[PDB]
Every structure is written in structure tokens, then in C-alpha cells.
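Given next, in C-alpha cells, is a single chain: the form deposited in one PDB entry.
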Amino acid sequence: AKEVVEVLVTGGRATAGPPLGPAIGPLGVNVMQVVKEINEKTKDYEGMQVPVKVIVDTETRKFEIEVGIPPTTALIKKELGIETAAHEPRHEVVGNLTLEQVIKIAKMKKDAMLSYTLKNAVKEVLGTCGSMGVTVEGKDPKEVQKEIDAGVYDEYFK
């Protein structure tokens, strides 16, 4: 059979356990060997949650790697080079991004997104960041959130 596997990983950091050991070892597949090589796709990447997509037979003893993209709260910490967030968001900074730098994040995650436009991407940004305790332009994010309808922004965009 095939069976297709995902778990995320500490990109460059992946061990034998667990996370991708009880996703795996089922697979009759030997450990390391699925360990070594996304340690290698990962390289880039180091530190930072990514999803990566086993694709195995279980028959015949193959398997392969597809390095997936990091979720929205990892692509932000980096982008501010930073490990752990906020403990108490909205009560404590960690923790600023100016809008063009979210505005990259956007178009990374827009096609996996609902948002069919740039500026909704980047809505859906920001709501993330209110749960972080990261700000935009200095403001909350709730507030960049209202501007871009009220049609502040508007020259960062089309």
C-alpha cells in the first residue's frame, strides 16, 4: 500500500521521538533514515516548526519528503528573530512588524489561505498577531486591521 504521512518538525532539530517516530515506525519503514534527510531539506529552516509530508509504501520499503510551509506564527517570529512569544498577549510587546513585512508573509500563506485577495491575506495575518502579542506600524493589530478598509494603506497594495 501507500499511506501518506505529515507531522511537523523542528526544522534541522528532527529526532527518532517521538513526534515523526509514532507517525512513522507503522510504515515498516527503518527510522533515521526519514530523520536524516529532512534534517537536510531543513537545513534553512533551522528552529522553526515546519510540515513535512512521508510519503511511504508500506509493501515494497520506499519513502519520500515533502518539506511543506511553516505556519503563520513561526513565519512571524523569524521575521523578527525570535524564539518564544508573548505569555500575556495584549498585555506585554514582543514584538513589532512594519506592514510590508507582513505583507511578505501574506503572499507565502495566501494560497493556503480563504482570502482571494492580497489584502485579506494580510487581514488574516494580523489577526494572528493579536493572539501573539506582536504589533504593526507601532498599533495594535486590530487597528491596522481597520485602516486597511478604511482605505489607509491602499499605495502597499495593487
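Residue numbers count along the first chain shown, from 1. First, how it differs from the form deposited in another entry.
- Under a division of the chain into two rigid parts between these two forms, the C-alpha atoms of residue 119 and residue 69 are best fitted by the same superposition and thus share a part.
If the one shown is the form deposited in one PDB entry, what is the structure of the form deposited in another entry?
No partner chains or extra molecules come along with it, only the chain itself.
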């Protein structure tokens, strides 16, 4: 058989217990080679929450580690440089990012997203941005979703 095991680790500091252990120790593959190979490919993302996918062949004890990108919530928080987002979204501001940065988060994540154009993936992100009381450019991120629609921002895109 083959077992795919999808888990959120802390980038760089993956351990052999729990999250990894109760999932991967069953399958009879060295739990440490995995914890190694995870901590190799998530050196960049040190200390942030990262998705990690372990594809194991149970018979042949053989595995591969396919690392992802952090939650866009985490990303937003990181360009802001912030611990914790709004306690009561849209009734306060956690911080404001530019449009340009939103484009960075958008451009960073387009492949996980199902919108095929960097416009609408920015629109997705915006939709996150609004979920935590971040403002994109003074405005409710909602507000600029429609501004993107009206073409107000067709200077950055293409």
C-alpha cells in the first residue's frame, strides 16, 4: 500500500513526536530521516507553520517529502511583522499592507489557488486580508476587490 500523510509542522524545527510520530512511526519508516528531510527543506521558513506531505510506500519503507508554503494568513502576518491579528475583524485594524505586498503574497501562492490570473489571486488574498482586519491601502480590502474590477490598478498587472 501507499500512505500520504499531510501535516502542519513548524518550519525547520520538526521533531519525532508528536505530529510526525503518531502518523509516520506506524508505517515502519525511520522517523528521524523524515524529521531530517523536513527540517532541510523548511530552513527558510524557520519558526512558521508550514504544510508537509509525506508519501510513504509501506512495503518498501520508501518515502518522499513534498513541502508547501505557509497559510496566507501567516504570510500576511509576516510582511506586517505581527504576533496576532484582529481580535474582532473589521472592528479594528491590525496593520495595513500596500497593494504591492498583497501582490507578493498573491504571486507567492497562485499555484495552490484555483484562480488562474494574478489579479483574482490577489482578490483571494484580499479576501483573507479582510478576515483578520488588515487594510490594503487605507481601504477595506473588500473595497479594493471592486477597484481591481473597475481596472483602477491595471498598471501593476501583466
